[PDB]
Every structure is written in C-alpha cells, then in structure tokens.
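Chain Y is fixed; fit chains H, X, W, Z and S with the ligands onto it per the hints.
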Amino acid sequence: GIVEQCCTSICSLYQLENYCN
Amino acid sequence: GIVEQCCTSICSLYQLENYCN
Amino acid sequence: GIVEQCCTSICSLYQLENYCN
Amino acid sequence: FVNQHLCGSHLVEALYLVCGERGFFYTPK
Amino acid sequence: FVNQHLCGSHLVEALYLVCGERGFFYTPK
Amino acid sequence: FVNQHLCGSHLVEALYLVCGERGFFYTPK
Ligand SMILES: *C(=O)CC[C@H](NC(=O)CCCCCCCCCCCCCCC(=O)O)C(=O)O
Ligand SMILES: *C(=O)CC[C@H](NC(=O)CCCCCCCCCCCCCCC(=O)O)C(=O)O
Ligand SMILES: *C(=O)CC[C@H](NC(=O)CCCCCCCCCCCCCCC(=O)O)C(=O)O
Ligand SMILES: [Cl-]
Ligand SMILES: [Zn+2]
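Chains as they are written, first to last, in full-length UniProt numbering: chain Y, 90 to 110; chain H, 90 to 110; chain X, 90 to 110; chain W, 25 to 53; chain Z, 25 to 53; chain S, 25 to 53.
Bear in mind the hints are in silico, worked out from the structure with no lab data behind them. All residues carry an ideal CB built from backbone N, CA and C; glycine is no exception. Be aware that a few hints might be false.
To be verified - Covered by chain Z, per the in silico footprint, the following chain Y stretches (three or more residues, Cβ under 8 Å):
#1 91-98
#2 103-109
As the list claims (entries may be wrong) - Part of the chain W face toward chain Z, derived, beta carbon under 10 Å:
#3 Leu30
#4 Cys31
#5 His34
Said to hold, decoys possible - Label-pair distances were calculated between CB atoms; the ranges are:
#6 Z:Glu45 - X:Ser98: 36 to 44 Å
#7 W:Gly32 - S:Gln28: 17 to 25 Å
#8 X:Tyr103 - Z:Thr51: 41 to 49 Å
#9 H:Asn110 - X:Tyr103: 12 to 20 Å
#10 H:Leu102 - S:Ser33: 32 to 40 Å
#11 Y:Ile99 - S:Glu45: 25 to 33 Å
#12 X:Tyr103 - W:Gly32: 13 to 21 Å
#13 Z:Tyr40 - S:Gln28: 18 to 26 Å
#14 Z:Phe49 - Y:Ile99: 15 to 23 Å
#15 Z:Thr51 - S:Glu45: 37 to 45 Å
#16 H:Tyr103 - X:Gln104: 22 to 30 Å
#17 Z:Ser33 - W:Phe25: 14 to 22 Å
#18 Z:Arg46 - H:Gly90: 35 to 43 Å
Chain Y on its own, in the form it takes in the complex:
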C-alpha cells in the first residue's frame, strides 16, 4: 500500500501517480 511504500521512503511524483484513478 501507499503508506508502506511512501512513509518509509520518499515517493517521487512518478511513484505517487500509481495511486491515481
């Protein structure tokens, strides 16, 4: 999930985009 991926290391804008609709 997004919290595991992105609160344990910094997520780029590209990686955050995996969670868009």
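Just chains H, X, W, Z and S with the ligands, lined up with the frame of chain Y:
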C-alpha cells in the same frame, strides 16, 4: 493536555472533541 | 541550511526570518 | 525535537474541523 | 504511533496535486 | 526517512507566513 494525549497516540474525532469550546 | 537548523530543533519566527529574501 | 511542534500543527487543523462554529482552545501544557 | 497518521495527511495532499482531475483512491492497508 | 521531507513541508508554509511580500528561498542543502 492535547499534545500528551494526541501526539503519543492517534486521537479519534470523538476524543478531539473534548478540546472544543 | 534551513533543514539542518530547523528540523533538528524548533526555529522561532525570528530564526526563520533569516531565510527571507 | 520538532516532532511535537509538527504534531501540534496537525492537531489545530483537526480541531478546526471537529469543533466547527464552537471553536476551540489550543493550550500546549 | 501517530507518525503514520501524520504522514498520511501529507500523502493525500500530494495525491490531490499529482492526480488532478483523475482524482485518487486513499486506502490505508 | 521521510521525516525531513515532511518537516520541509511545514517549513515552507512557515516561511510563507514569516516573509510576507519579501518572499523566500527554499534550498535543501
Ligand atoms: C502489506 O503491507 C503488503 C504485503 C504485500 N506486499 C506488497 O508489496 C504489495 C504488492 C502488491 C501491490 C501492487 C504492486 C505493484 C507492482 C509492483 C511491481 C514493482 C514495480 C514498481 C515499484 C513501485 O511500486 O513503485 C502484498 O501482497 O500486498
Ligand atoms: C501533564 O502532562 C499532565 C499531568 C497530569 N495528567 C493528566 O493526564 C491530565 C488529567 C486532567 C485532564 C482532564 C482529564 C479529563 C477526564 C479524564 C477522565 C478519562 C476519560 C476520558 C479519556 C480521555 O481523556 O480521552 C495532570 O494532572 O494534568
Ligand atoms: C551542512 O550541513 C552545513 C555545514 C556547515 N555548517 C553550517 O552551520 C552553515 C554555516 C553557514 C550558514 C550561514 C550561517 C549564518 C551566520 C551564523 C552565525 C550564527 C548566529 C545566528 C545563529 C542562527 O543561524 O540562527 C557549512 O559550512 O555550511
Ligand atoms: Cl509532520
Ligand atoms: Zn506534518
């Protein structure tokens, strides 16, 4: 206080409401 | 820098003002 | 130790929402 | 452990910006 | 280590307020 209660564990909306006027 | 100064201890408004233009 | 300072920022935003037209008190002990 | 809770607050703000008119899903596993 | 990243988010908000019409520079060393 609110910082002791709510920064050491997550406060629900119900628990936060104790700090309303 | 600002991150070293102000994320390892709380920066007052006076100390933050060193980073204004 | 800016963790409490930053937590507090989020607490005030949450109390604004929770408390509504009642408003709130923010008093760091 | 409010660290995840506060991180999540920032994640949703970032996804709002990233995703735009697509919008997003926020599902804490 | 997203702690610095999230701290930085709050720093920029604080500098916006502090600096006013002067504006500011944000340069993570
Ligand atoms: C619970 O915490 C998760 C347990 C377990 N682990 C996972 O990591 C979740 C894996 C499924 C989520 C979708 C994965 C997307 C495709 C992964 C390929 C890697 C390429 C891109 C890397 C990235 O994600 O940025 C689980 O089974 O859920
Ligand atoms: C300094 O850090 C505080 C020291 C000490 N401890 C306290 O916990 C404060 C107690 C007084 C605050 C008002 C308490 C409200 C009623 C408590 C009953 C528990 C039921 C609800 C639980 C909850 O608060 O969510 C002190 O003396 O101040
Ligand atoms: C890398 O992390 C920095 C390494 C090293 N250390 C520094 O501390 C940076 C020093 C130069 C920045 C300008 C300093 C301004 C004047 C300092 C005088 C102290 C009075 C006010 C105290 C305050 O800053 O609040 C480096 O060489 O960069
Ligand atoms: Cl934070
Ligand atoms: Zn934060």
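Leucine 30 of chain W as an interface hint toward chain Z, with CB separation required under 10 Å: This hint holds: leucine 30 of chain W lies near chain Z, its Cβ roughly 7 Å from the closest one there, short of 10 Å.
Hint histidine 34 of chain W vs chain Z: min CB-CB distance below 10 Å? Holds, about 6 Å.
Against the range 37 to 45 Å, how does the distance between the Cβ atoms of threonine 51 of chain Z and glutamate 45 of chain S compare: consistent or not? For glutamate 45 of chain S against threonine 51 of chain Z, whose Cβ atoms are near 42 Å apart, the range 37 to 45 Å holds.
Just to be sure I understand the hint, the distance between the Cβ atoms of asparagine 110 of chain H and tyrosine 103 of chain X should be within 12 to 20 Å; is that true here? This hint is violated: roughly 31 Å between Cβ atoms.
Just to be sure I understand the hint, the distance between the Cβ atoms of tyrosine 40 of chain Z and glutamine 28 of chain S should be within 18 to 26 Å; is that true here? holds, 22 Å
With a C-beta cutoff of 8 Å, work out whether three or more residues of the region 103-109 of chain Y approach chain Z closely enough for the coverage to hold. holds (count 4)
Given the range 25 to 33 Å, decide if the beta-carbon distance of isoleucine 99 of chain Y to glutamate 45 of chain S lies inside it. For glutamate 45 of chain S against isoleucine 99 of chain Y, whose Cβ atoms are near 31 Å apart, the range 25 to 33 Å holds.
Next item in the hint list is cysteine 31 of chain W. Is there a CB on chain Z closer than 10 Å to its CB? holds, 7 Å
Does the Cβ distance between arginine 46 of chain Z and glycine 90 of chain H fall inside 35 to 43 Å? holds, 41 Å
Between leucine 102 of chain H and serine 33 of chain S, does the C-beta distance stay in 32 to 40 Å? At 23 Å between Cβs, range violated.
Please test the hint of 13 to 21 Å on the beta carbon pair from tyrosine 103 of chain X and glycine 32 of chain W. holds, 19 Å
A range of 14 to 22 Å was offered for this pair. Does it hold for the Cβ distance of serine 33 of chain Z and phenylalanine 25 of chain W? Because 20 Å falls inside the window, the suggested range holds.
Hints 9, 10, 16 from the list above are not met by this structure, while the remaining hints are.
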